[PDB]
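Colleague: All chains, full assembly: derive it from the sequences and hints.
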Amino acid sequence: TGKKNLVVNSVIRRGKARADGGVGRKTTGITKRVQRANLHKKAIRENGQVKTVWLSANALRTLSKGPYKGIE
Amino acid sequence: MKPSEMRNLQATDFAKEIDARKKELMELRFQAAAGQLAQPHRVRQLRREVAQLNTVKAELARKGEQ
Amino acid sequence: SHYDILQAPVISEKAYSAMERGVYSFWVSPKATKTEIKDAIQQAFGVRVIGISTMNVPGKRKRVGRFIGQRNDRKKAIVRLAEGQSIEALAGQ
Amino acid sequence: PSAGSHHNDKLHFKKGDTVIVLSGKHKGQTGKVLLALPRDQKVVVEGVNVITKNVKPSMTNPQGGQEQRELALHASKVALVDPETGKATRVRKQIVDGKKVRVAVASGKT
RNA sequence: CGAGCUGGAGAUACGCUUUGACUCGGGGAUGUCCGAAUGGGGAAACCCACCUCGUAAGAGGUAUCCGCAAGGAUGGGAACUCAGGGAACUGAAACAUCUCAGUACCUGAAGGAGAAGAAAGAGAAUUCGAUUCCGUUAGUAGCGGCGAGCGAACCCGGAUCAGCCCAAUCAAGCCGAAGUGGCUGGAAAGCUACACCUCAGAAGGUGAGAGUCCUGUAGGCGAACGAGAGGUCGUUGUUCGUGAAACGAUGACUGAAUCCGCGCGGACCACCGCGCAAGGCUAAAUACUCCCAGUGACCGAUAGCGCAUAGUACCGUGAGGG
RNA sequence: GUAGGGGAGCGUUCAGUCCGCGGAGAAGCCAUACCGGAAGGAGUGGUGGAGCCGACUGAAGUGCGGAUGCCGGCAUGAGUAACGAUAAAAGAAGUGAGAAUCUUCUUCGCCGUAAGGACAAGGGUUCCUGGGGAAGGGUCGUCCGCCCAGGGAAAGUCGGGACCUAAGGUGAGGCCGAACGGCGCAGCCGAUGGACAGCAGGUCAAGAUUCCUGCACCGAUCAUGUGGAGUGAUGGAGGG
Ligand SMILES: [Mg+2]
Ligand SMILES: [Mg+2]
Ligand SMILES: [Mg+2]
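Residue numbers (our numbering), protein chains in the order written: chain A, 1 to 72; chain B, 73 to 138; chain C, 139 to 231; chain D, 232 to 341.
None of these hints come from the bench; they were simulated from the model.
27 Å max Cα-Cα, derived DSS-like pairs, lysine-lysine: (1) D:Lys284 to D:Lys273; (2) B:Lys88 to C:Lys169; (3) D:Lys318 to D:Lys330; (4) B:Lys94 to C:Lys213; (5) B:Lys95 to C:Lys172; (6) B:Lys94 to C:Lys214; (7) D:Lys340 to D:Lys330; (8) C:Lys213 to C:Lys172; (9) B:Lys95 to C:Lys169; (10) B:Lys94 to C:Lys172; (11) C:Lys214 to B:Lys95; (12) B:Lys95 to C:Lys176; (13) C:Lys152 to C:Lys198; (14) B:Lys74 to D:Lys330; (15) B:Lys88 to C:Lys176; (16) B:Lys94 to B:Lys129; (17) D:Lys246 to D:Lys284; (18) C:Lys176 to B:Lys94; (19) C:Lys200 to D:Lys287; (20) A:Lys51 to A:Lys69; (21) B:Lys95 to C:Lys213; (22) B:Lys94 to C:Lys169.
The calculated label-pair distances, taken between Cβ atoms and stated as ranges, are: (23) D:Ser289 to B:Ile90: 40 to 48 Å; (24) B:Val115 to C:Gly207: 19 to 27 Å; (25) C:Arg209 to B:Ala106: 18 to 26 Å; (26) B:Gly136 to C:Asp177: 31 to 39 Å; (27) B:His113 to C:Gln223: 34 to 42 Å; (28) B:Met78 to C:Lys152: 44 to 52 Å; (29) D:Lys324 to B:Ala123: 38 to 46 Å.
For each residue, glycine too, the CB sits at the ideal point set by N, CA and C.
Modeller: Following this line, the structure appears as structure tokens:
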């Protein structure tokens with residue numbers, strides 16, 4: 001989980017074959033289709049006073065610049 | 073028993089009108105077990121009294137302070 | 139107070155033939171720690187107690203009716219006053 | 232088991248009134264009410280009688296034979312009567328006991 | 001409310017009832033122990049403490065989370081609602097796509113309803129104009145190992161119909177018309193002969209079949225006081241399974257403008273056109289049904305709920321079955 | 001004339017409507033040599049004790065011997081095999097409506113590291129007394145571990161708790177996690193282990209280091225005296 005917004009939770013992953021032909025081969029034969037997820041990272045930050053909290057890149061980025069309610 | 077001649081008394085008397093019945097209510101309860109309880113109702117009555125002997129007392133607990 | 143708690147006198151014969159020696163026994167309440175009870179009695183019959191002894195007791199009966207039974211649970215208690223024998227007269231019963 | 236509700240645990244009379252057993256046996260017979268069991272629709276009126284044998288086993292010197300007792304009935308008797316014949320009830324009001332209401336038929340008493 | 005009552009129990013004894021019991025309505029007061037359970041422990045209903053108020057008996061506080069503070073939260077709800085996670089059997093006469101399905105199940109949150117909602121919309125008329133629900137359009141457009149099979153929306157009819165705000169009568173209950181004789185019978189409300197009521201001939205009961213015996217019904221009354229941003233990669237949703245495939249969505253990298261400004265109108269461009277996103281709250285029509293009343297070309301005891309009552313007996317270590 | 005197609009009808013419930021029927025007696029049951037082309041229908045009698053035929057039309061959980069079908073009742077095997085260790089039993093006497101089978105006596109036989117005795121766990125009242133005599137007891141039963149009622153269980157020191165800790169459990173504040181949740185120091189719970197004050201007898205029908213009798217020990221609180229001064233932690237060490 002992250003600072004500004006939750007995150008994690010993701011969706012399926014496909015893998016076809018016959019992949020790409022004359023402007024089109026015959027087509028795309030899918031051979032996969034399953035399921036995955038994606039997470040992030042963190043570094044100690046803190047508001048009100050000291051803390052640590054999980055901090056997502058896109059957050060540590062946006063926060064590294066103009067601070068929003070929370071301070072790097 | 074219940075009318076303005078029940079509350080009529082002292083809070084302590086209420087107790088006296090309590091701690092005395094359950095003193096009868098005992099000797100009664102004994103009798104029974106010992107066989108001779110010929111006042112089955114007495115029990116229920118004496119009991120019913122104690123009820124009142126508190127409900128009232130309790131009615132005061134809000135009238136004179138809210 | 140005092141008059142509270144006790145539940146009734148233990149009739150039976152042993153109890154009775156236990157009385158002839160100034161040992162009175164009656165049924166107190168299940169929850170009634172040996173002290174409270176020691177107290178109560180004293181102040182209901184006016185008298186001390188040199189010794190006390192108490193233990194719990196189950197019930198489960200019936201006559202019939204597919205209604206089996208069910209315990210009823212009691213707590214006989216047995217006391218012993220000081221040489222100043224007797225209690226009221228609810229002894230010589 | 233339903234029971235005496237079809238009516239409405241309401242005895243169209245008092246355990247003291249006089250009544251005529253209309254319908255059933257003992258038609259027209261009359262007597263003072265004695266037991267008014269509203270719930271069950273039971274009425275004990277000196278009218279009907281029975282001679283029952285008391286089941287008195289080791290009942291301190293048995294000698295049990297056959298008593299004469301009254302056996303209760305239902306709405307098989309029409310409460311109160313004044314024209315000497317059964318009568319509905321309708322014209323009430325009050326007395327010096329406006330603290331109450333009466334009843335009456337063609338006539339007006341009870 | 002007016003003779004009875006003393007629970008089912010069918011029994012005896014004691015008794016209680018006009019200074020109107022009982023019973024029915026409607027508020028209070030009591031409400032041991034366990035249970036979110038929360039003084040601490042705990043193999044539920046037990047075992048042990050402490051502080052304060054105190055006649056001692058006895059009273060009360062002693063949990064964690066938000067908040068100065070009031071005050072709010074933890075739990076429990078048959079089904080209905082949304083959300084996070086999400087099968088397989090099965091079909092395709094095999095099978096990996098696809099189908100079965102985002103169903104079943106798990107979990108979180110909530111209410112009596114929810115969800116949704118006031119346009120960077122849908123549509124091709126320079127039209128409509130929040131959301132939702134029923135009809136239809138249509139099994140049309142389309143999706144599809146273009147196989148099995150899956151399947152819209154606009155328009156139009158109808159339920160109902162609001163947009164507002166930020167940031168820069170139902171319950172208790174009371175009153176309530178009108179018949180007798182004779183006959184059959186164990187008993188008549190049946191037969192028979194005369195009679196009555198009818199804004200009450202709905203219904204149940206009464207020794208067999210009841211307008212006029214009882215309870216009722218039509219109709220009338222009826223209370224202290226009680227309710228009502230763009231993109232690239234990976235993927236995905238909508239008919240959208242990669243296809244020329246838009247748009248929406250987001251995990252990862254990036255990263256704009258602002259009126260001679262911005263988005264979209266299914267790649268893409270111009271032209272034409274509709275709308276102004278990154279803040280929010282919102283009745284109502286919608287769903288279900290533990291509970292209640294009414295009804296039934298529904299059952300009437302191997303039927304009907306499992307139960308004319310029992311989740312009991314009985315079976316299982318248990319979930320559970322019954 | 002088999003699979004199959006087509007035709008006309010019988011019967012069962014429920015519903016609407018018509019004609020009715022019934023306590024001097026409905027439905028259902030039972031018997032029968034009648035009737036109709038069948039499915040089926042009627043008459044009469046018996047039973048029964050309250051609802052019920054016939055006709056037209058409508059709707060059906062609508063018609064049975066089969067499914068190792070389902071529930072229930074009753075048969076066959078048949079009075080057959082069994083009566084659950086080959087540690088035997090005999091007599092007398094007693095009770096009783098009735099006893100091989102109960103009680104008493106006197107013998108016999110079997111176990112005796114047990115088939116004796118004391119606990120644990122587990123079960124609960126099964127214990128004792130008086131009654132009982134359906135069913136249970138593989139047979140009798142006057143008896144029972146069965147049925148009914150009453151009684152019985154007594155602890156400052158025995159076990160446990162108000163003390164301790166092991167595995168393990170839990171766990172403020174901490175580390176992780178789609179949810180639920182997963183881990184986790186101190187602390188806490190946690191015996192099966194540690195620690196800790198009594199013995200000898202008597203004796204209810206039925207209890208005993210619990211009650212009584214004799215004598216004892218431990219802690220606590222107070223008073224008295226002695227004393228005449230420190231007392232000594234959630235910490236250290238020793239020890240357990
Ligand atoms: Mg039957
Ligand atoms: Mg039930
Ligand atoms: Mg068969």
